[PDB]
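A single structure is presented below for examination.
Every protein chain of the complex appears in place save one, which is left out.
Going by the order they are written in, the chains are A and B; count residues from 1 in each one.
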């Protein structure tokens, strides 16, 4: 099985902060380390496939967003926040080295929820990101 | 003549995908190589020149978006290119001079600049292509 890039690239950006969070400029997903408890929901990624009725929809994370496990990477390319990626509808998906594809072919379209994998309330403040690219599995 | 930078910089981003395009995020201008036929319309650029009553409104593309009097979107790898044609929705007369696309007549013009595929290029490798244009006048 190999992932074929065929879609747009989405990004989940989260700004971890101390209890005293000062949101300057535009508004984004901001969370204090304290809120980084297990199962804690981060953002959500909207996916929409077209003309994929004979292929398995899949999402591919940047090389710096997965290892052995998905996680958001700090701007320093150091600190990481381990998260779990699952669709809103209870569709069945598989995780294969940075790839998250649907077990059944079809032009699926829904929401992919991002949650904190295990309490990590000690996560250093900063800007974390998680990039995912559309495509199919085959 | 020469182009004088005096305005904002706009960008036309197109994502080329295979027949099975999976849009992660929301939203962009995605198109399958199959749709990359000749005259195929990509995105559109809205232009608004003001105080240009004695000058000629002009648009300047990045050095990596033009060559030999030909405009094209560049891949994120600064390698693959999609040749496109620049033309206003209204049939106004413009001129192309080395990456510069200026209007033949002076005055403050405003409207939409349509971007179309120049010749069928359905073999264009998938990826993220862009076309940057900067506002200014010609002299």
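What we mean here is this: a residue touches a chain if its C-beta (ideal position, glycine included) is under 8 Å from a C-beta of that chain, and two chains touch if they have at least 3 such contacts.
Touch with the chain omitted from the figure is made, among B:24, B:47 or B:74, by B:47. Of the listed positions B:1, B:5, B:34 or B:125, the one in contact with the omitted chain in the full complex is B:5. Although one chain is not drawn, the whole complex shows that of A:4, A:17 or A:107 it is A:17 that touches it.
Within the entire complex, the positions of subunit A that touch the omitted partner chain are 15, 17-28, 30, 32, 125, 127.
Hidden from this view is one chain, which touches subunit B at 4-11, 45-52, 55, 57-59, 133-137.
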